[PDB]
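Engineer: So you can see what is in the structure, the chains are spelled out below.
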Amino acid sequence: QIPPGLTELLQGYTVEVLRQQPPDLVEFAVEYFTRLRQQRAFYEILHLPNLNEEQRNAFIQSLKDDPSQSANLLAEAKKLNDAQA
Amino acid sequence: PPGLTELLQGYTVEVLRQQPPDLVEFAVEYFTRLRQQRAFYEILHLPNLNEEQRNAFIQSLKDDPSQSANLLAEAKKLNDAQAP
Numbered sequence: 002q003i004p005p006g007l008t009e010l011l012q013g014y015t016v017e018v019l020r021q022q023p024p025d026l027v028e029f030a031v032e033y034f035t036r037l038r039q040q041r042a043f044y045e046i047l048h049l050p051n052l053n054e055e056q057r058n059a060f061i062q063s064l065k066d067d068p069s070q071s072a073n074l075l076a077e078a079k080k081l082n083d084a085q086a
Numbered sequence: 004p005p006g007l008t009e010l011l012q013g014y015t016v017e018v019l020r021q022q023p024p025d026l027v028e029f030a031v032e033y034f035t036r037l038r039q040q041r042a043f044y045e046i047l048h049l050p051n052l053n054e055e056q057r058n059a060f061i062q063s064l065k066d067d068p069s070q071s072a073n074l075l076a077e078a079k080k081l082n083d084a085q086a087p
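Chains as they are written, first to last, in PDB author numbering: chain B, 2 to 86; chain A, 4 to 87.
Simulated from the structure, these hints should not be mistaken for laboratory data. Incorrect hints may appear among the rest.
Where chain A lies over chain B, by a calculated footprint (3+ residues, C-beta under 8 angstroms) [as the list claims (entries may be wrong)]:
id, stretch
1, 6-12
2, 34-48
Here chain B is said to cover these stretches of chain A; the calculated rule only asks that three of the stretch's residues, wherever they fall, bring their Cβ under 8 angstroms from a Cβ of chain B [as the list claims (entries may be wrong)]:
id, stretch
3, 10-21
4, 25-38
Estimated spans, in silico, between C-beta atoms of each pair [claimed, not checked]:
id, chain 1, residue 1, chain 2, residue 2, range
5, B, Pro5, A, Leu81, 45 to 53 angstroms
6, B, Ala59, A, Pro24, 24 to 32 angstroms
7, B, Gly13, A, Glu17, 17 to 25 angstroms
8, A, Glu77, B, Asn73, 27 to 35 angstroms
9, B, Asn73, A, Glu17, 43 to 51 angstroms
10, A, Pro24, B, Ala86, 21 to 29 angstroms
11, A, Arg20, B, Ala76, 20 to 28 angstroms
12, A, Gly13, B, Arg20, 17 to 25 angstroms
Here a beta-carbon is modelled for each residue, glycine too, at the ideal position from N, C-alpha and C.
Start from the sequences, fold in the hints, and give me the full structure.
Structural biologist: In structure tokens, the structure reads:
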């Protein structure tokens with residue numbers, strides 16, 4: 002069945018599309034959802050308790066430099082976190 | 004906006020069909036694919052590039068998505084400048 006939370010997400014995209022009147026809805030979609038994805042990625046990396054500050058800033062800067070790698074790179078963060086605890 | 008409903012509807016349909024683990028990740032994925040489709044379409048509806056010339060820009064878009072507007076300007080500056 003329909004995933005819980007899809008309606009809120011698509012609603013946010015629609016809201017920003019109406020507020021900003023982008024010339025390309027597809028490009029604005031890629032932009033919007035890439036920004037949203039990196040936002041939650043920063044959220045995960047910044048909330049993992051067992052990482053330290055050099056690791057935290059290293060993953061955040063690493064996400065800045067190479068964004069597409071995010072889900073690949075944040076997976077590393079989880080596997081670097083499960084270590085210490 | 005013209006085309007919003009078809010866009011959101013296609014995304015939702017594919018979300019049900021594929022059940023991705025992350026809706027945001029799948030959004031980036033799906034809409035990047037759509038953007039490349041639109042770019043291929045744009046290149047493909049230029050009247051005064053010719054056929055073999057037309058394929059070359061598509062190959063440029065096949066490799067990495069990050070320099071599209073240059074190819075739209077170059078094609079737009081090549082065709083409306085090539086013929087009649």
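Engineer: Confirm or reject each hint.
Structural biologist: We went through each hint and held it up to the structure:
no.: 1; hint: 6-12; verdict: holds (count 4)
no.: 2; hint: 34-48; verdict: holds (count 5)
no.: 3; hint: 10-21; verdict: holds (count 6)
no.: 4; hint: 25-38; verdict: holds (count 10)
no.: 5; hint: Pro5/B <-> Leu81/A: 45 to 53 angstroms; verdict: holds, 49 angstroms
no.: 6; hint: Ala59/B <-> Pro24/A: 24 to 32 angstroms; verdict: holds, 25 angstroms
no.: 7; hint: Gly13/B <-> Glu17/A: 17 to 25 angstroms; verdict: holds, 19 angstroms
no.: 8; hint: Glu77/A <-> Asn73/B: 27 to 35 angstroms; verdict: holds, 33 angstroms
no.: 9; hint: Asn73/B <-> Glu17/A: 43 to 51 angstroms; verdict: violated, 22 angstroms
no.: 10; hint: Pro24/A <-> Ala86/B: 21 to 29 angstroms; verdict: holds, 24 angstroms
no.: 11; hint: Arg20/A <-> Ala76/B: 20 to 28 angstroms; verdict: holds, 25 angstroms
no.: 12; hint: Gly13/A <-> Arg20/B: 17 to 25 angstroms; verdict: holds, 22 angstroms
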